[PDB]
Amino acid sequence: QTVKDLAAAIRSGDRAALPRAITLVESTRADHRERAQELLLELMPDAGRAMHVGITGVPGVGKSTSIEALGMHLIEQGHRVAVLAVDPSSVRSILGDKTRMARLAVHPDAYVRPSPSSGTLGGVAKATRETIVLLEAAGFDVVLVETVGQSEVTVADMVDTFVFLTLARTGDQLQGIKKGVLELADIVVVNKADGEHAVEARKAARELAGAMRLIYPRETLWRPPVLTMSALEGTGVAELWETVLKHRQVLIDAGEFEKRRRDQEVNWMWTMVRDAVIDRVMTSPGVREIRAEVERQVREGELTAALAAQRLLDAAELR
Amino acid sequence: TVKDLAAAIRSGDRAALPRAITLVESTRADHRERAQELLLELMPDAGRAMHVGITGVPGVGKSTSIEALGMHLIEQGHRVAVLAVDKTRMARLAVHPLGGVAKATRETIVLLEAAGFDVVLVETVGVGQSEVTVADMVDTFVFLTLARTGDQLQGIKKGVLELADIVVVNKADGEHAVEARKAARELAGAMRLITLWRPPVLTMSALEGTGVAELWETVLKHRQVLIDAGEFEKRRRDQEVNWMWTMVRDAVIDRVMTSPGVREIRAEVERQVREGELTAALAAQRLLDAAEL
Ligand SMILES: Nc1nc2c(ncn2[C@@H]2O[C@H](COP(=O)(O)OP(=O)(O)O)[C@@H](O)[C@H]2O)c(=O)[nH]1
Ligand SMILES: Nc1nc2c(ncn2[C@@H]2O[C@H](COP(=O)(O)OP(=O)(O)O)[C@@H](O)[C@H]2O)c(=O)[nH]1
Ligand SMILES: [Cl-]
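Chains as they are written, first to last, in the working numbering: chain G, 1 to 319; chain W, 320 to 612.
No wet-lab data here; the hints were simulated from the structure.
A couple of the hints might just be wrong.
[To be verified] Mimicking DSSO-like on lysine-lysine, the simulated pairs with C-alpha atoms at most 27 Å apart in a straight line are: (1) W/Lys553 to G/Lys259; (2) W/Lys477 to W/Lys501; (3) G/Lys179 to G/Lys63; (4) G/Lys203 to G/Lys179; (5) G/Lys4 to G/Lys98; (6) W/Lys540 to G/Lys259; (7) G/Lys203 to G/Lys178; (8) G/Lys203 to G/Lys63; (9) G/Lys179 to W/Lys540; (10) W/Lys322 to G/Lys178; (11) G/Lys98 to G/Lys63; (12) W/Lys476 to G/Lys246; (13) W/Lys540 to W/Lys406; (14) G/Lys246 to G/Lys63; (15) W/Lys477 to G/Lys203; (16) G/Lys246 to W/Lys553; (17) G/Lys179 to W/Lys476; (18) G/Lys179 to W/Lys477; (19) W/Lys501 to W/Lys476; (20) W/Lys501 to G/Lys179; (21) G/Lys178 to W/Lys476; (22) G/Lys179 to W/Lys406; (23) G/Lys259 to G/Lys246; (24) W/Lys540 to W/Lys553; (25) W/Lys406 to W/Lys322; (26) W/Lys540 to W/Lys501; (27) G/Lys259 to W/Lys406; (28) G/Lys203 to G/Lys246; (29) W/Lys406 to G/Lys178; (30) W/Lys540 to G/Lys203; (31) G/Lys98 to G/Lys259; (32) G/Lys63 to G/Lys178.
Full structure from sequences and hints, please.
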C-alpha cells in the first residue's frame, strides 16, 4: 500500500489501518521513519480535529476510574474517545468498539537508541504526539492523555487543557502533589469526594481555591477552578467536562486556542533539534571515554567547570 | 604571573581583585585560558563563603533588604559581597563579559572567596528568567514578596515560589504590618496544604530593621540543616557538574542556532510548521541538515 492508501484506509476505518499506522510511527527503521512523516503530512487536514485533554495524578488518586467514568459519559453523548498513556518505563488494544474507549500506550520499537538527554521519554512523547493525529484521522474527537515520573510537562505541552487529580487526606492537607505540577494545572480535582469524606474533600477544595487566590493575579484570563468529584459514584464527572469545555471557549474567545497549539508544535520541533544535538555530543566516543574522569575532577576541584566543559566539547568532535 | 596574582588577591592588594575580575570578564580567547589557570590556582579557596540568593520583583524592597542584611553582617565582623546578575563597607558588584553573566558571576564568587569575603549574596537584577540560574549557584534562595492586602500577595511569578527556601513578606511596618502578617500566615497555611526543610514564611521591614536579623538566623538554620543531613557539600559539588553540562549544552545549541543555514531558513520553517505545510519532525531534520554538523 502507498502512504495515500494507508491515509485513506485510516480515515475509512479499515480493521488493519490504525494498528499499522501505529507500528509505523513506532518504528526506528529509516524507511518507516520517512514513510511515517509522509503519512502525517498526508493526515494534516485532520490534525487538530479532537479535543486534547491531559489528565495526571499520583498512583492511587483514582485516575483510571476517573478516565473510565469520564470516557463512558462522553460516549453516552456520542463522542468517540481514545486515551493515550505516556509510559516511559513501559509498565503499560481494542480499537473497533464504538461502545468503549480506545486505550493505547505507544512506545518506540526495541531497536531505539535511548537518550542521555531524555531517557525513554523523548521517544514515547514523539510517538504519542504523532499517534494523536492518527486517532484524529480515524474519527476520534476527544483524546485524553494521561501520565503513568517526570512526564507531566511532556503531557502539558501536547494538550489544550491539563487536569490535575488530587486527594484530601483531611480538610486541611492534600496529598500526592509533586513540586512544580500544580502550576501546570488548568483544573484541579479533589477525587473520592463521597461518603463521610465528601465534606472534607470540599473543605480541601476551598482551601486550595484560597491558596490560588493568594497566588494568581486577580485579573488573569483563567483562574484554575478547584472541583470535587467521585469517580466511583459519578458525582461531579459531568461538571468536570463542562469545565473542560469552558476552558476551551475561554481560550478561543481570547484568540489563544489555535495559537497555543501552533506554539506547542514549534516548541516541540525545537526540543527535537536540541535533543538530537545534545545526544550527538553525549553519545560521542570521546565523551563516553573521558566523562567519568572529567566529572571526578570538577567534583574534587582539580578542574574548573569551564575547562571540563571545553574538554568535553573538544572530545565530541561535533563539527 | 597567575601565581603572583593569586597571592596578590589573597593578601588584599588594592589592584589585584579588579584585574582578576576584568580577566574573568574577558571575551578574548587568550585571557580565557589564563582566567582558568588562576581559578585552578584559587580552588583551595572555592567555597569558603556562604552563598545566598535573593530575589523579588522590582519595588519589593530588595536593595533596602540587602543593605540592611549587609550592615548587620558587617557589624558582626563579616566581609560581604552582593553580586547582581574597605572591610567596613559592603562590596557591591555586577559582572558581565544570561549564560555569560552567570558564568562571570559564578567565577567571581571564587575571586571574592580567595579575597576573604565570607558572605556572597547573589541578587536577580530586574525582570527576566534569571531565577533558576541564581538558585543553581547558591546554598539558600530567599524570595521577597509584598502583601497587596492581607488576602493577596503581589509579584509571584510562575515557577519561582518552588525555588524558595525562605519567603519574606517585606514592608511589614506602619499600619501595613498587620496585613503583612495576615498574608504571611495564609501563605504558610497554603504551603502546609500543599520533609528535610519546610520553607518558613517570615515578615520583615528592611527600612526599619525589624525581622532582618531573624531572616539571617533562618538562612543559617537552612545551612545547618543541610550540613546535618550530609547534603550541603554534595549539593555544591552537584551544582558544579550541572553547571559544566549546562555550558556544554549551551555551546552545542548555540552552534546549531547561530549557524548560517539555520539563520537562513528558520523563519520559513517555523511558518510552515505553524500552518501545517510541514510536520514538526521534518522541520527538525531540516534544521539539523541546515546546520551542516
Ligand atoms: N471511594 C472512592 N474510591 C475510589 C474513587 N475512584 C477510585 N477509587 C478507588 O481507589 C483505588 C485507586 O483507583 P485507580 O483508578 O486505580 O487510581 P490510579 O492508580 O490513580 O489509576 C481503587 O481501589 C479505586 O476503586 C472514588 O471516586 N471514590
Ligand atoms: N515601608 C517600607 N518601604 C520600603 C521598604 N523597603 C523599601 N521601601 C521603599 O520602597 C521602594 C522599593 O525600592 P527597593 O527597596 O530598591 O526595591 P528593589 O527594586 O527590589 O530594590 C523604595 O523607594 C523604598 O524607599 C520597607 O521595608 N518598608
Ligand atoms: Cl483560537
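Verification of the hints:
no. : hint                 : result
1   : W/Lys553 to G/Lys259 : 43 Å, violated
2   : W/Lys477 to W/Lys501 : 22 Å, holds
3   : G/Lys179 to G/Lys63  : 19 Å, holds
4   : G/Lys203 to G/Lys179 : 22 Å, holds
5   : G/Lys4 to G/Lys98    : 25 Å, holds
6   : W/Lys540 to G/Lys259 : 47 Å, violated
7   : G/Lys203 to G/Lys178 : 21 Å, holds
8   : G/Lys203 to G/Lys63  : 21 Å, holds
9   : G/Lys179 to W/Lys540 : 22 Å, holds
10  : W/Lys322 to G/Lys178 : 48 Å, violated
11  : G/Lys98 to G/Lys63   : 22 Å, holds
12  : W/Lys476 to G/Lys246 : 25 Å, holds
13  : W/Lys540 to W/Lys406 : 25 Å, holds
14  : G/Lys246 to G/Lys63  : 21 Å, holds
15  : W/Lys477 to G/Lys203 : 26 Å, holds
16  : G/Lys246 to W/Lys553 : 47 Å, violated
17  : G/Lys179 to W/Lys476 : 15 Å, holds
18  : G/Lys179 to W/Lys477 : 13 Å, holds
19  : W/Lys501 to W/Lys476 : 21 Å, holds
20  : W/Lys501 to G/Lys179 : 25 Å, holds
21  : G/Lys178 to W/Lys476 : 19 Å, holds
22  : G/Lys179 to W/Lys406 : 41 Å, violated
23  : G/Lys259 to G/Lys246 : 18 Å, holds
24  : W/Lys540 to W/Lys553 : 18 Å, holds
25  : W/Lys406 to W/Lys322 : 24 Å, holds
26  : W/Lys540 to W/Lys501 : 24 Å, holds
27  : G/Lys259 to W/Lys406 : 55 Å, violated
28  : G/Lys203 to G/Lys246 : 24 Å, holds
29  : W/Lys406 to G/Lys178 : 45 Å, violated
30  : W/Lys540 to G/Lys203 : 34 Å, violated
31  : G/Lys98 to G/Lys259  : 32 Å, violated
32  : G/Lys63 to G/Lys178  : 16 Å, holds
In the structure shown, a violation is registered for the earlier hints numbered 1, 6, 10, 16, 22, 27, 29, 30 and 31, in ascending order.
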